[PDB]
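S.K.: Below are the chains, spelled out letter by letter.
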Amino acid sequence: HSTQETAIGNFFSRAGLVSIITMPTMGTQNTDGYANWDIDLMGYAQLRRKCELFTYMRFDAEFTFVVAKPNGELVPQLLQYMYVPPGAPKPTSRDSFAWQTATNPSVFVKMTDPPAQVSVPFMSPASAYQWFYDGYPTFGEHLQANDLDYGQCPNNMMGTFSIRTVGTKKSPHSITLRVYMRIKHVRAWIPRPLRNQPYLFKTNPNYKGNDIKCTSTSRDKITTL
Amino acid sequence: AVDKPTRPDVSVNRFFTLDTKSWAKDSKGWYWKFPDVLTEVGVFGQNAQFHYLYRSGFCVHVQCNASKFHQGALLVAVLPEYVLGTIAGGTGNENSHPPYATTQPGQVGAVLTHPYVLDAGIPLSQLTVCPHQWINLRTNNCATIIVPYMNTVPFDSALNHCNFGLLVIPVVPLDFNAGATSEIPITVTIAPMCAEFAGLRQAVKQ
Amino acid sequence: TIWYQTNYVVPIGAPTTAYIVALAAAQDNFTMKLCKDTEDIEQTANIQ
Ligand SMILES: CCCCCCCCCCCCC/C=C/[C@H](O)[C@H](N)CO
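Those sequence lines, one after another, are chains A, B and C. When you line the first sequence up against the working numbering, it's residues 21 to 245, in that order. When you line the second sequence up against the working numbering, it's residues 4 to 209, in that order. When you line the third sequence up against the working numbering, it's residues 90 to 137, in that order.
The set of hints was computed from the structure by calculation and includes no laboratory data. Don't take each hint at face value.
As the list claims (entries may be wrong) - With a cut-off of at most 20 angstroms between alpha-carbon atoms, the simulated EDC-like pairs for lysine to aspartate or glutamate come out as follows:
{"hint": "1", "chain 1": "B", "residue 1": "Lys-24", "chain 2": "B", "residue 2": "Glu-186"}
{"hint": "2", "chain 1": "A", "residue 1": "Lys-70", "chain 2": "A", "residue 2": "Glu-25"}
{"hint": "3", "chain 1": "A", "residue 1": "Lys-222", "chain 2": "B", "residue 2": "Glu-97"}
{"hint": "4", "chain 1": "B", "residue 1": "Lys-208", "chain 2": "B", "residue 2": "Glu-43"}
{"hint": "5", "chain 1": "A", "residue 1": "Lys-228", "chain 2": "A", "residue 2": "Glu-72"}
{"hint": "6", "chain 1": "B", "residue 1": "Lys-71", "chain 2": "B", "residue 2": "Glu-186"}
{"hint": "7", "chain 1": "A", "residue 1": "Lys-130", "chain 2": "A", "residue 2": "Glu-93"}
{"hint": "8", "chain 1": "A", "residue 1": "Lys-228", "chain 2": "B", "residue 2": "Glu-97"}
{"hint": "9", "chain 1": "A", "residue 1": "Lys-222", "chain 2": "A", "residue 2": "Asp-58"}
{"hint": "10", "chain 1": "B", "residue 1": "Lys-208", "chain 2": "A", "residue 2": "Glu-161"}
{"hint": "11", "chain 1": "B", "residue 1": "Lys-31", "chain 2": "A", "residue 2": "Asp-231"}
{"hint": "12", "chain 1": "A", "residue 1": "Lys-189", "chain 2": "A", "residue 2": "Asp-52"}
{"hint": "13", "chain 1": "B", "residue 1": "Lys-208", "chain 2": "A", "residue 2": "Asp-167"}
{"hint": "14", "chain 1": "B", "residue 1": "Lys-208", "chain 2": "A", "residue 2": "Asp-169"}
{"hint": "15", "chain 1": "A", "residue 1": "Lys-110", "chain 2": "A", "residue 2": "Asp-58"}
{"hint": "16", "chain 1": "A", "residue 1": "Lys-204", "chain 2": "A", "residue 2": "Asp-60"}
{"hint": "17", "chain 1": "A", "residue 1": "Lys-190", "chain 2": "A", "residue 2": "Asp-52"}
{"hint": "18", "chain 1": "B", "residue 1": "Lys-28", "chain 2": "B", "residue 2": "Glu-186"}
Stated by the list, open to error - Stretch by stretch, here's where chain C covers chain B in the computed footprint (C-beta under 8 angstroms, at least three residues):
{"hint": "19", "segment": "64-71"}
{"hint": "20", "segment": "174-187"}
Unchecked claim - Chain A regions said to be covered by chain B (calculated; three or more residues, Cβ under 8 angstroms):
{"hint": "21", "segment": "159-170"}
{"hint": "22", "segment": "221-231"}
We put the beta carbon where it would ideally sit given N, CA and C, even for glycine.
Take these sequences, add in the hints, and give me the full structure.
M.R.: Below is the structure:
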């Protein structure tokens, strides 16, 4: 019997959904024609439970960007992708100076073309990604209002991702984007227990206090199966 | 780091005895945050305030004494990067973070609220995946665990970053009949190993 | 200084109060010099 299947190489390597981004025509949010999405991979529950097995993790990522209209059909619409590193200008509009793509990487794809694929190296300044950081990023005293900085690793914010439709006029068709990731060239450390409680917030592992779900099922008697 | 670090072998690395924790039948267990306990104690604590960079290994030792008529079990485990959660009021719609008193208990330590989830939302039965030792009052009344330095960076700030926590959890409640001594202390002594300091600076408390 | 570290634990049926005997001596590196008189012998009267 071969152990290749239970190895971390094949278990960590495949596509999963890390982000859901929409650009509706009518609404209070993305209707301006562009979207600015800060990069967070923990808004998705099931892949988060896989990455929480281990504390420190070092890997590379391949991405897949699928575009479709919320009803599922497609239109010949051209889209623009751009990656914004920390410190780089974030776009204030669709005609904004930031989308002009000088030194920032960009991807051009249509809605009739197959999904776009890119490869992202290891961009963290440390040796590996730190999922659970115990401490504070800031010096000095921390009051109740400054307690938000707890559990925040400054090495985990690698930039911001943004999308828009090309052209000056507004596009009549709505667009829904689904971001995918495949982990490759992975190295792992410090195993951790698997979380048995439902997720609540992205940034910190909060659990609902009223009901604590037992990790095992219950029965009537210990001597009866 | 381009600086040449200090190695005060005798004044830094030695056994540090902490306060004793009185055991009770409903006791839920306590936890400490290293290296936040020794920041106020001895030469180790003073040089930690004058130095920005910190790397050392630790020595964990736990002491719980009992007689032949006492039956109990303690679980002493080391969990790297132990993050405290919050019940969020119990409803789950409120966003709240634990204050500095719970996240940085200091030398005295802090007590667990819901030991089943360890306030991490994770099962207690899986705690043995990390390095652990069992204290069974019928055989071993002591425990010793040698934990090296584990971080993604060689040096790091001792004040903000807590490396790992220490969990002494009374899994099996100690039972004793009437007339026996009801005061059972729990003594935890710790020592640093191979400490290196860098970035000599002014006095910084927190 | 001698200090209580944990506690004195005793079963049922055994005394709860114990006594500790302290011993003292020297080592091989112990060295003395400059002989003199001590205070531990006194004559307030003749020896009959
Ligand atoms: C051409 C467009 C390329 C878009 C590139 C976006 C970079 C996304 C990289 C994701 C790799 C993991 C980064 C961090 C993941 C988690 O969100 C962090 N732990 C946040 O705490």
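S.K.: Give a verdict on every hint.
M.R.: We went through each hint and held it up to the structure:
1. Pair hint B/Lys-24 plus B/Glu-186 holds up; C-alpha atoms about 10 angstroms apart against a cutoff of 20 angstroms.
2. Between A/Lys-70 and A/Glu-25 the alpha-carbon distance is near 15 angstroms, which keeps this suggested pair within the 20 angstroms criterion.
3. The suggested pairing of A/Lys-222 with B/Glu-97 holds, with an alpha-carbon distance near 13 angstroms, which does not exceed 20 angstroms.
4. For a cut-off of 20 angstroms, the pair hint linking B/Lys-208 to B/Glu-43 stands: about 9 angstroms separates their Cα positions.
5. Among the hinted pairs, A/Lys-228 with A/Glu-72 is consistent with the structure: their alpha-carbon atoms are about 19 angstroms apart, no more than 20 angstroms.
6. This hinted pair checks out: B/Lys-71 and B/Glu-186 have alpha carbons roughly 15 angstroms apart, not beyond 20 angstroms.
7. Between A/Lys-130 and A/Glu-93 the alpha-carbon distance is near 13 angstroms, which keeps this suggested pair within the 20 angstroms criterion.
8. This hinted pair checks out: A/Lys-228 and B/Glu-97 have alpha carbons roughly 10 angstroms apart, not beyond 20 angstroms.
9. Taking the CA atoms of A/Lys-222 and A/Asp-58, the gap is near 12 angstroms; set against the 20 angstroms cutoff, the hint holds.
10. As the CA atoms of B/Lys-208 and A/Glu-161 are separated by approximately 9 angstroms, the hinted pair is consistent with the 20 angstroms bound.
11. For the given pair, B/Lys-31 sits about 19 angstroms from A/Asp-231 by alpha-carbon distance, which is consistent with the 20 angstroms threshold.
12. Between the alpha carbons of A/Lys-189 and A/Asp-52 the distance comes to roughly 11 angstroms, so the proposed pair stays at or under 20 angstroms and holds.
13. A distance of roughly 18 angstroms separates the Cα atoms of B/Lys-208 and A/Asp-167; the hinted pair therefore holds under the 20 angstroms criterion.
14. Of the pairs offered as hints, the one joining B/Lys-208 and A/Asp-169 holds, with about 19 angstroms between alpha carbons and a cut-off of 20 angstroms not exceeded.
15. Note on A/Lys-110 and A/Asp-58: the hinted pairing holds, with a Cα-Cα distance of about 10 angstroms set against a maximum of 20 angstroms.
16. Using a Cα cut-off of 20 angstroms, the hinted pair A/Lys-204 and A/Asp-60 holds, with the two alpha carbons roughly 19 angstroms apart.
17. A distance of roughly 8 angstroms separates the Cα atoms of A/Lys-190 and A/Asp-52; the hinted pair therefore holds under the 20 angstroms criterion.
18. With a C-alpha separation of about 11 angstroms, the suggested pairing of B/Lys-28 with B/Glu-186 holds against the 20 angstroms cut-off.
19. Three residues within the 8 angstroms Cβ limit are the bar, and the segment 64-71 of chain B against chain C gives 6, so the coverage statement holds.
20. Figure legend: the segment 174-187 of chain B, annotated as covered by chain C; annotation consistent (6 residues with Cβ-Cβ distances under 8 angstroms, at least 3 required).
21. Interface restraint, the segment 159-170 of chain A with chain B: holds (8 residues with C-beta to C-beta distance below 8 angstroms; minimum three).
22. Under the rule that three or more residues need a Cβ within less than 8 angstroms of chain B, the assignment of the segment 221-231 of chain A holds, with 8 such residues.
Consistency with the previously given hints is maintained throughout, with no hint failing.
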